[PDB]
Structures are given as C-alpha cells and as structure tokens.
Amino acid sequence: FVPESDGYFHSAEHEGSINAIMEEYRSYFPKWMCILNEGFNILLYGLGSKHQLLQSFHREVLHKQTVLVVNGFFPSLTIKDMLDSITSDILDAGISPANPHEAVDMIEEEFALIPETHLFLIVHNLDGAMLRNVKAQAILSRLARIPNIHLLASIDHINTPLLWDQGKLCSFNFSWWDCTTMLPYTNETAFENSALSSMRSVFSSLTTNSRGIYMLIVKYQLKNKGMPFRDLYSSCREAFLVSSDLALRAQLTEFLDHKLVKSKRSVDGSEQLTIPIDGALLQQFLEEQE
Amino acid sequence: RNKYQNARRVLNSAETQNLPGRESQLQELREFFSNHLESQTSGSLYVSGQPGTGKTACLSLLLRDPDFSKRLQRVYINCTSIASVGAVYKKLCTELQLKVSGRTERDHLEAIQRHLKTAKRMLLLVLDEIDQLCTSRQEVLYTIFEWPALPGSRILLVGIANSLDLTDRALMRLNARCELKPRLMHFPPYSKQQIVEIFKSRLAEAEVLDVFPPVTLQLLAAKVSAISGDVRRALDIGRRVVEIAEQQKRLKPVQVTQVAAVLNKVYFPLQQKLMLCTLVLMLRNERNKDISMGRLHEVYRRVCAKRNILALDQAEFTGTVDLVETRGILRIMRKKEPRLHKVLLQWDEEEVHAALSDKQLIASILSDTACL
Amino acid sequence: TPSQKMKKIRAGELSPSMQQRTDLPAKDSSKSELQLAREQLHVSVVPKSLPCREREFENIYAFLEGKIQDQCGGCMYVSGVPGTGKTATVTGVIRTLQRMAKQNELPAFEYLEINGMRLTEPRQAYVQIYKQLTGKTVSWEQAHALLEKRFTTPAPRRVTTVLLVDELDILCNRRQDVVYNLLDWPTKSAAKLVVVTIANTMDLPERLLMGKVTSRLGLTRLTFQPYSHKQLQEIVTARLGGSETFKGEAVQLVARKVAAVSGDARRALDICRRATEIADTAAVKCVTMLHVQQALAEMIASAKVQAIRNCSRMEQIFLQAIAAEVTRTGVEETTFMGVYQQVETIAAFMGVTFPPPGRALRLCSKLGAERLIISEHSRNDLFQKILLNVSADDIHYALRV
Amino acid sequence: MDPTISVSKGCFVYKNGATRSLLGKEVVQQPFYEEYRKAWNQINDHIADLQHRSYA
DNA sequence: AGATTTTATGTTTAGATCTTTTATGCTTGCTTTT
DNA sequence: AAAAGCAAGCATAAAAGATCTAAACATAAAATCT
Ligand SMILES: Nc1ncnc2c1ncn2[C@@H]1O[C@H](COP(=O)(O)OP(=O)(O)OP(=O)(O)O)[C@@H](O)[C@H]1O
Ligand SMILES: Nc1ncnc2c1ncn2[C@@H]1O[C@H](COP(=O)(O)OP(=O)(O)OP(=O)(O)O)[C@@H](O)[C@H]1O
Ligand SMILES: [Mg+2]
Ligand SMILES: [Mg+2]
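Residue numbers (this note's numbering), protein chains in the order written: chain A, 13 to 302; chain B, 592 to 963; chain C, 157 to 557; chain D, 37 to 92.
Just so you know, these hints were derived from the structure itself, not from any lab.
Among the hints, erroneous ones may be present.
Straight-line distance between alpha carbons at most 25 Å, and here's what the computed SDA-like set of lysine to any residue pairs gives [what the hints assert, rightly or not]:
1. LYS92(A) / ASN52(D)
2. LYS45(D) / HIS70(A)
3. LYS276(A) / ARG875(B)
4. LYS276(A) / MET924(B)
5. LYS43(A) / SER90(D)
6. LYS305(C) / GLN723(B)
7. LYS864(B) / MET358(C)
8. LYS926(B) / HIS70(A)
9. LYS927(B) / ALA459(C)
10. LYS292(C) / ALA439(C)
11. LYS661(B) / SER630(B)
Using the sequences provided together with the hints, build the complete structure.
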C-alpha cells in the first residue's frame with residue numbers, strides 16, 4: 013500500500029471459505045500462547061469482525077486463567093470502569109483512586125506483590141468509541157507494560173496508530189497478526205455510535221387543541237412555502253385553541269420535544285416556527301387531515 | 592351531609608376500583624400477563640401517556656387481582672421515592688426480602704440477579720414514573736431492561752412514563768435486539784363521552800346523579816377533553832362546581848351558568864402602570880426588542896418627568912419590574928449586573944391594554960414618541 | 157461529653173432555650189401614647205382579625221372546612237406579591253379551625269407547617285415534617301421512609317393533617333421529587349393530607365413545575381391582589397385604634413404613596429413607624445403631614461445625585477468624561493482609553509491638571525466600588541470596559557444645579 | 037446474543053482465585069525452550085552490560 | 001468498661017447541565033483567471 | 001470557456017457562564033474485640 017498524493021491534490025462457497033479461514037486462525041492459538049509467554053502482546057488487524065475469534069481464544073485456551081474481557085466497541089465504557097474492575101474484582105482492593113494514573117501505579121504495586129497470578133486482558137477494538145483519546149491509550153500501554161498482565165487486542169480503524177507514539181508503541185510490545193476473517197461487523201456496529209409516518213404516529217396521540225395548533229402551523233407553512241410566534245398566538249386566541257401565552261409556549265415545547273417543529277430565533281427577538289418536512293409531504297399530510 | 596357534600600366527597604380524585612374508561616387497555620394488559628404466564632417466558636413492557644389518563648390506576652387494579660396473586664409475585668416501586676438512580680436495586684431487595692452482604696449497590700445487583708436466576712414464581716416488577724431513572728450513561732435503566740433477556744430469568748417488568756418516545760430516544764440500544772425491546776402501550780387521552788361515563792359512574796356510586804344534569808356534564812367534558820383530556824382536571828372542576836355552589840347557595844341541580852363561569856375563570860400600582868406603558872412604547876417604536884432595565888428606566892424617567900409625577904430610582908425600579916414579573920406579564924433574563932438584565936414582554940399589547948384598564952393614560956404614553 | 161447533648165437534642169428531649177434578660181421589661185402604663193402607636197404599628201403584631209381580607213378568609217375557610225369534614229384530603233395553591241396578607245390569612249384560618257375543633261364543632265386535625273426558605277436543601281422538608289410529628293430529628297431518607305409508612309398505609313384512627321407549605325418555589329429543583337411527593341401523598345386514599353401551598357408568582361405550576369406535578373396541584377387556586385389606596389388606609393387606621401396620634405391626611409399620604417409602588421403592607425407599617433420616630437424627636441405628639449413627607453423621602457430614598465455631588469473633583473471630571481464618550485461613540489460600553497482622552501480634554505478645558513492613568517484607575521476603582529459605574533478588574537488597564545451605572549442626565553443635574 | 041455482549045456492562049471479569057511461566061511443563065522441559073532461554077539470557081545480559089558501560 | 005474497625009452522614013470539589021454567545025468551518029452562490 | 005477565489009448562510013460546535021448534581025473525601029455513630 014503506497015498511496016498517491018494526486019488523489020488528495022485533485023480532490024454458498026463463502027461459508028465454507030470463511031470456516032476454513034476461521035479454522036486456520038483457530039490453529040494459530042498455541043503459537044499465540046508461546047508469544048504471550050515471551051512478553052509480546054497480540055494485536056489483530058484483519059478486515060472483518062474478530063469478536064468470535066478472541067471469544068474462541070478465551071473459551072478454548074484461557075478457560076482457567078484470570079481474564080478481563082473489555083468490549084471497546086461499547087459507547088459508554090470508561091477507563092475508570094476498567095481500572096475499577098481490575099482493582100475491585102481481581103485484587104479485592106476496593107475502588108480505584110480517582111486519578112487513573114494513580115490507579116495504574118496501584119495496580120503495578122499490587123501485581124508486583126503477586127508473581128504467577130497472570131491477568132489476561134482481551135480488548136475487542138482497542139480503537140474503541142471511548143478509547144480514542146490519548147489518555148486511555150496511555151493507561152492501556154502502562155497496563156500492558158506489566159510482566160503479569162498479558163494483552164490481546166483488536167484493531168479496526170484505518171487511522172488507529174496516529175495516537176500511538178513511540179513510547180506507547182514500546183510499552184505495547186505488539187506482535188501484529190493478520191487475522192482477516194470476513195465476518196460482518198454485527199456487534200461492533202449494533203450500538204448507538206453507528207418522517208411523515210412518525211409525525212402521524214405522534215399526531216394521533218395529541219389532543220384536539222394541539223391538533224388545531226399544529227394544523228395552524230401546517231396551513232401557514234403551505235400558504236407561505238417559518239411563522240413568527242405572534243401570528244400563531246393571535247390565530248390561537250381567535251380560534252380559542254389556547255388560554256394564554258404560557259400554555260402555547262408549553263405546547264410548542266412539547267412539539268420541540270417530539271421534533272414536529274424547529275424553533276429558529278430571529279435577530280429582532282421574534283421566534284420562528286419552521287416545520288422540518290418538505291412541502292409535498294406536508295400537502296399530503298394536510299390532505300390526510302381532511 | 593347533603594347531596595352537595597356527598598358529591599364533593601365522591602368526586603374524590605383518589606384510588607378507585609371501577610375504571611369505566613379503561614376496558615380495552617385492561618383486557619390487553621391482562622392478556623399480556625396471562626400469555627406470559629402460560630408461556631412462562633419473560634417479557635418487558637412500557638406503558639406511557641399523558642398525566643391523568645389512568646395508567647397507575649390500571650396497574651394498581653391489576654396488582655390486586657386474586658388470580659395474579661396466586662400465580663406471580665407482584666412488586667410495585669415508585670421511582671421518585673428512591674434516594675438516587677443507583678439506589679433502586681437496594682429498594683428492590685427490600686421488596687423481595689433478599690439477603691445481601693450489603694453496603695454497595697453492586698452486591699445488591701448481584702443478589703437480585705441471583706434471585707432472578709432461581710426464582711420459584713414469576714415476578715411482576717412495576718416501575719412507576721420511570722423517567723426519573725434516566726441519567727446520561729443510563730447504566731441503571733439498561734441493567735433493568737436487560738433482566739428479561741437474562742438466561743433463565745422469569746421477570747416481566749412494566750415501566751410507566753409520560754413520554755411517548757422515552758423508550759426509543761432513551762433506549763436506542765435495545766432496538767438492536769428484538770428480544771430486549773419493550774412492547775409499547777399508549778394510554779390515549781380521554782374523550783368527551785369517556786369523561787361523561789366517569790362522572791356518571793362516580794355520581795351513581797353514591798346516588799348523587801341528580802345534582803348534575805346531563806347537559807352541563809356534556810359542557811364540562813366537552814371543555815376538558817378538548818383542552819387536555821386528563822380526568823384529574825375534570826374531577827377537579829366537577830368538585831369545584833359543587834364547592835362553589837355550596838358557598839353561593841348558602842335539591843338544586845347546577846345550571847350551565849355556574850359551570851360556564853368556573854370554566855371561563857379557569858380556562859395596578861401606578862408605577863407598574865407607567866413601567867408597562869413605557870415598555871409597550873419602546874417595543875412598538877423600535878425594531879430591536881433587546882430592552883435592558885437601564886434602557887427602559889431612562890425612558891421611564893422621561894415619561895414620569897413629562898407626566899409631572901415623581902419617578903422611582905433604579906434600586907426601587909428593579910423591584911417594581913420584579914413585582915410585575917410575578918404576574919407573568921414579563922420575563923427577566925438575568926445578567927451580571929442589575930442594569931444589564933433583559934426585560935422580555937410575554938403578553939401581546941392587546942392584552943396589556945385590557946389589563947391596565949386606564950386607556951386615557953395609555954393613549955397619552957403611546958402618543959409620546961418624543962420622550963424616547 | 158458532647159455526644160449526650162447532641163443525642164438529647166436529636167431526640168428532642170431538651171427544649172432549645174434562649175437566655176433571659178437580667179432586667180424586667182418595662183410596664184405598659186409608663187409608655188407614651190406615641191410609643192403605644194409605635195408598638196401597635198409594628199409589623200410583627202398581627203391583628204386577631206385582618207382588615208380587608210374577608211373574601212380570601214371565606215375562601216380558604218370553606219376549602220379547609222370541607223376538606224376536614226369530608227375526611228378526603230387534597231391540595232390548594234394560594235399566591236400573590238409579598239406583603240399582601242397571605243400567610244397571616246392562612247394561619248388565621250387554621251387558628252379559627254383549631255378554636256372550633258377545641259369546642260368539638262369540627263373534627264380534630266393535626267397542623268404541620270414548613271417553609272421552603274428555612275431549609276438548606278429541598279429534601280430537608282422530610283426532616284422537618286417528621287419533626288412536627290414525633291419530634292425526633294433523623295436523616296432525610298429515614299424520615300421519607302417513615303412518612304411514606306405513615307401516609308400510604310391506612311391506620312385507623314388516622315386524623316386529618318393539614319400541611320401548610322410556604323415558599324413553594326424554593327422546594328422545586330430539577331428532579332422535583334420533593335414537591336411530587338408532597339402533592340402525591342394526598343391523592344392516596346389512606347392519607348387524609350390537605351396540603352396548602354403559598355407562593356408569589358401566579359403562573360408557577362405552568363412556568364416551572366412539571367406536567368404531572370401541575371396535574372396533581374389541581375385547578376383550585378386563589379390570588380391575593382395588592383392592597384389598593386383605601387385598604388392600606390384601613391389597615392393602618394385599624395392598627396392605630398382610636399388614637400388620634402396620626403393625622404388622617406398623613407395616613408392617606410402614606411397609603412397613597414405606598415400603594416402606587418407595590419401594594420405591600422409592610423412598607424406602610426414601616427413608614428408609619430418611621431414617621432412616629434420622626435415626630436418623637438420634634439417633641440410633638442401628633443404625626444403631622446411633613447413628618448410623613450420626611451419619612452417617605454427617607455424610606456423611598458434616591459441618593460445618587462448626593463453621591464455625585466459629594467465626589468472629589470477628579471471623580472466628577474471622570475463622571476463627565478464617561479458620559480461624554482457615551483455621547484460621542486454612541487454605544488453604552490466605553491474602554492478606559494477613550495475615557496482618559498476625554499478626561500484630558502475636559503481637564504485641559506477646566507485648567508486643572510489630571511492625575512496620570514495609574515491614579516485614574518484608582519478613581520475608576522473607587523467609582524466601581526461605590527457602584528456609580530460598572531467596571532472590570534484593574535489588571536487589564538486602558539482596555540477595561542466602563543459602563544455608566546448612573547443615568548447621564550443625573551450627572552449634569554448634580555454638577556450644574 | 038453472546039453473554040459477553042451486554043447492553044449495560046463494558047468489562048467482564050472471569051476471576052479464578054486471584055488474591056492480593058504461562059506454559060505447561062511439556063514446553064519448558066523441551067530442549068528448544070532451554071536453548072532459547074539460554075541464548076536470550078546471554079544476549080540480553082550482554083546488551084545491558086554494554087548500555088551500562090556506555091552510560092557510566 | 002475501654003479500644004477498633006464499621007458504617008452512616010455531611011461537605012467539598014470535580015464534573016454534568018443549561019443557557020448565551022460567539023466563531024470557525026461546511027457548504028453555497030456567484031466570481032473570476034487561464 | 002475551466003477551474004481557482006470572494007461574499008453569504010446556516011450549522012455543528014466552542015467558549016462560557018451559571019448551575020445543578022454525583023462521587024470522592026473527611027467525619028461521626030457504633031458494633032466489635034479485648
Ligand atoms: N378510567 C377511569 N375511570 C375512573 N376514574 C379514573 C380513570 N382513570 C383515572 N381515574 C382517576 O384519576 C386518578 C388519577 O389517575 P392516575 O393517577 O392513574 O393517572 P396517571 O397517568 O398515573 O397520572 P401521572 O401520569 O401523573 O402519574 C385516579 O385516582 C383515578 O381515581
Ligand atoms: N390585611 C391586613 N391587615 C392587617 N395587617 C396586615 C394585612 N396584610 C398584611 N398585614 C401585616 O403585614 C404582614 C404581612 O405578613 P404575611 O406573612 O401576610 O406576608 P406574606 O404575604 O406571607 O409575605 P411573603 O409572600 O413574602 O411570605 C403581617 O405581619 C401583618 O401584620
Ligand atoms: Mg401515576
Ligand atoms: Mg409568607
């Protein structure tokens with residue numbers, strides 16, 4: 013792979029083949045055990061999902077050693093959660109100190125106190141959604157520096173080694189391994205990190221006066237191809253759809269909560285009330301209400 | 592004593608046994624509990640709807656059934672009552688009398704999971720007002736809704752909330768796995784005839800049906816179901832009609848005049864008058880509605896000078912504008928200094944003119960362009 | 157040991173006494189008539205029956221008597237601008253109900269009360285309501301659990317309990333758990349709670365309460381309108397009794413100039429006390445109208461022209477040059493550099509030299525500590541921004557006339 | 037799905053008696069592991085001796 | 001009848017939140033040299 | 001005529017600024033060991 017800069021300056025059979033590929037990567041495992049015994053850490057950099065491969069390594073080989081699986085594709089994990097997990101469950105040392113590097117110093121002391129109590133550490137997606145900051149990678153490199161702790165990890169993003177400087181890449185004593193499974197990224201993309209019908213479904217739950225207020229904004233939008241707030245207020249007080257200003261502000265706050273209406277303030281202080289839907293579907297919606 | 596106090600007592604707005612308006616919802620909830628009992632499988636559920644529509648009344652009715660008392664272990668937790676979002680597991684342990692090694696929420700969660708893995712009876716965990724459990728990471732709500740998908744767990748949990756889309760917007764991650772996402776049940780707001788049937792149930796439980804003629808009940812429900820549709824405001828105006836008629840008359844059925852008067856009811860100091868007139872003048876004459884307290888006071892002093900009456904100082908003018916703010920006529924956006932606070936009118940001038948009730952003065956202030 | 161004292165305090169077994177005077181208070185008969193008016197005019201002396209609040213008394217009385225006799229429970233929200241007789245009317249209704257329940261004309265009832273500004277935290281109300289029941293001081297979690305055990309569980313013979321709640325807007329916060337519990341407890345049939353909530357803003361349930369909390373608060377409501385020109389006169393002439401120590405035109409001027417500002421009754425009862433103290437030092441025994449005019453000019457004070465006239469001459473040149481730069485540049489916020497250039501122009505006109513800018517920053521700091529101007533911290537000299545806090549015409553009125 | 041794939045937790049302990057040489061005896065008693073450990077200890081100690089004698 | 005963790009509680013500080021306000025940047029819409 | 005270049009415009013977002021809250025830290029009540 014030797015990219016050209018001119019692109020920047022000008023800017024079935026598959027199941028059996030995948031099973032043979034997975035059986036070869038399953039055959040690699042004793043070599044990984046010897047490589048982890050010599051102090052190197054394992055890094056996988058294939059195309060497809062490597063979740064099942066590292067789960068098979070935890071299941072078939074590390075069935076009795078201490079293991080902390082870490083799901084790096086989790087949107088909401090924190091490095092405090094992982095250090096708290098090690099400090100509380102592996103060592104029974106209680107909660108880790110609030111400074112993460114103090115927690116790594118504590119983990120290094122307590123793991124210096126116990127030889128031949130190895131802690132395997134499997135991190136699916138070391139380039140995770142909350143591990144992409146430099147600080148969490150510094151914590152993971154300081155943890156992988158420990159002789160007791162061994163590390164297996166997955167890599168998926170193309171720009172991952174931009175956050176590993178030579179100090180982290182020396183603490184991460186990686187043995188790179190091309191584990192290119194062709195499996196789809198189901199679990200890695202299942203999480204949160206990666207409409208006229210909904211408008212009808214929320215319009216059905218509204219009361220009659222809320223239907224009248226939204227129909228007034230719909231009629232003004234189709235008539236003008238966002239309405240100022242004062243016209244909606246005078247139209248509602250003429251049609252008796254509201255008691256005072258504050259109930260109308262509560263109804264528009266409910267519409268902002270259910271995203272039927274976008275409120276764009278003007279420089280003059282008037283509030284504009286756009287409906288964020290194209291006018292053909294809005295005309296069909298007005299025809300649906302008749 | 593008399594029929595007036597009898598109807599005022601029976602409109603009540605407390606817990607009830609009969610629920611005439613919610614019948615298909617009760618049958619659907621009973622069918623959900625019954626099919627998930629007969630299949631012996633777990634099943635999450637999310638009931639939602641506008642306040643006052645009767646969700647807690649239906650689930651309080653269904654947590655007192657003798658047959659469900661025989662078949663499943665009911666638990667009701669009001670989620671406002673907990674000290675914190677993470678403390679709810681501890682409260683659940685007190686609802687199940689589980690033994691816990693104690694004094695950390697993690698061991699309470701492990702005790703609840705150890706009970707769920709080997710429970711002898713099906714568990715019905717109703718979490719009323721589940722919107723209080725939402726935080727940011729939302730570890731607690733996802734941990735609770737992951738319990739039906741746990742291997743061998745027999746919990747079936749119901750979450751009551753006011754939001755139509757709290758499940759999707761607050762729990763997008765449950766959509767990825769169809770075994771995890773709750774079945775949804777809306778509770779639609781009450782119609783006019785449903786509020787009339789609730790009134791005709793409550794007034795016939797005490798046989799005080801005659802104090803309300805049907806015409807004025809069909810006026811009251813036509814107003815309330817059009818405005819909001821909650822039965823709490825409907826029973827409140829129905830109680831208020833009788834407690835105003837008792838004060839007013841001291842059997843007379845209530846007329847439409849009394850209910851129309853209470854429905855039209857429900858649904859100044861001179862310096863405050865001068866402040867409102869100068870604010871209306873500055874809002875009319877100027878395209879820029881960014882009015883500060885100092886920019887308003889400098890015009891108010893000139894208006895008081897031309898009216899030949901003494902003006903308040905800025906330290907008293909700030910308290911005067913704060914007293915006008917309590918009526919809802921204004922809203923003051925606070926800033927670093929009292930002079931820099933931004934007045935914002937919240938009534939239209941056609942309401943402010945009818946509220947001041949001194950048209951000869953407002954005609955003088957609004958024709959006084961030269962003092963700006 | 158201190159721990160026995162704290163345990164006897166938290167158990168309520170020692171009453172918190174305050175030290176008594178060494179000397180006896182003076183006898184009532186030695187007082188002058190003007191002193192008798194000065195002590196009848198104190199705001200702490202609530203009348204046994206409030207003038208000009210009869211309609212609100214009938215409203216709160218009919219609500220509370222119906223909620224007590226029906227044994228059902230419920231809630232009410234009274235509101236109005238401060239000093240308008242809210243809490244005095246509610247406690248007067250509750251004292252009348254207690255006098256009636258003492259004579260067995262009414263069922264007996266408990267009367268809890270709290271106030272939202274006497275609590276450091278919204279949850280501390282759970283500590284206080286329980287303290288009006290058992291008298292023990294406990295943590296708010298145990299107090300909330302014991303209050304739920306008291307109210308959710310039907311325990312005959314339960315007595316009706318009226319929970320007055322002043323200062324409802326302080327108890328709100330973001331979660332609104334405390335106000336939700338206080339308004340949700342009456343809805344349960346087992347609790348006979350009748351909660352009354354006093355507040356200032358009329359629009360509070362719609363402005364800052366949640367939709368379910370507003371739905372629980374209900375539609376029964378009462379608004380205390382500000383006292384008018386006449387009701388403030390009736391209040392003060394009821395406080396004075398039959399005494400003629402106040403002229404009627406003096407009370408009329410106090411009421412006319414207090415009702416035009418706020419409608420507060422405390423302002424009238426304080427201005428009349430100050431007028432009595434002013435008449436006392438003149439050795440007159442009747443509060444004539446010029447004593448009321450002096451007390452009104454003192455207690456509706458406007459002493460900024462006196463501050464500009466009392467400033468040192470370089471500070472007056474500074475106050476002229478800030479308004480000169482505001483007139484010149486148009487915008488109301490001026491940097492210190494152009495203010496100093498206008499200072500040098502005005503000082504060259506008047507003939508006095510001006511202090512160098514390190515002393516002009518001391519002048520700006522003095523005016524900003526006196527709040528004649530708004531100004532930043534002095535560490536960023538020549539580029540600090542100088543708002544004028546006094547109006548521009550007040551400076552010319554001070555330094556010309 | 038898999039028990040490791042949870043919607044709530046992000047880390048999953050599999051503790052086996054941790055309190056407060058990975059290979060079995062077949063590999064360590066093999067002669068090639070003995071000669072590899074011998075050559076590696078000799079080479080690493082000589083390089084550390086060179087680094088100390090350069091820093092001294 | 002006295003010392004020791006043990007636990008429940010209150011305080012304080014760091015972090016989440018609401019809100020305004022200000023800005024670079026992402027895109028657009030012409031605009032203009034080669 | 002082709003593709004680089006200047007005002008325009010909404011928008012994520014960035015500061016910020018108050019503000020509220022959750023967890024870490026100091027501390028007191030108390031079973032526990034002697
Ligand atoms: N269908 C009905 N028939 C008769 N009475 C009803 C019905 N629904 C509700 N009510 C009355 O309304 C009162 C309030 O209902 P409920 O508390 O169940 O509403 P909610 O949805 O729980 O309100 P929130 O969402 O604010 O908690 C109940 O005490 C009950 O007496
Ligand atoms: N109608 C009245 N007649 C006689 N005295 C009155 C009247 N109204 C108010 N006062 C006097 O003014 C004081 C007002 O106190 P009160 O507790 O009523 O004020 P409040 O409206 O509760 O104020 P806030 O709303 O700030 O709490 C009372 O002590 C009373 O002596
Ligand atoms: Mg409810
Ligand atoms: Mg009060």
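Hint by hint, here is what the structure shows:
1. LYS92(A) / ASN52(D): 22 Å, holds
2. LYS45(D) / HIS70(A): 18 Å, holds
3. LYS276(A) / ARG875(B): Satisfied, since the Cα-Cα distance of roughly 22 Å is no more than 25 Å.
4. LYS276(A) / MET924(B): Holds - the C-alpha atoms of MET924(B) and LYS276(A) are around 19 Å apart, at most 25 Å.
5. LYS43(A) / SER90(D): 36 Å, violated
6. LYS305(C) / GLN723(B): Answer holds: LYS305(C) to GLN723(B) is near 22 Å, not above 25 Å.
7. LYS864(B) / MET358(C): Distance of about 18 Å is within 25 Å: holds.
8. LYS926(B) / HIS70(A): 59 Å, violated
9. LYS927(B) / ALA459(C): 23 Å, holds
10. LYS292(C) / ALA439(C): With Cα atoms ~54 Å apart, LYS292(C) and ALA439(C) exceed 25 Å; violated.
11. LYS661(B) / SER630(B): Distance ~16 Å between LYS661(B) and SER630(B) Cα, so the pair holds.
The structure shown violates the earlier hints numbered 5, 8, 10.
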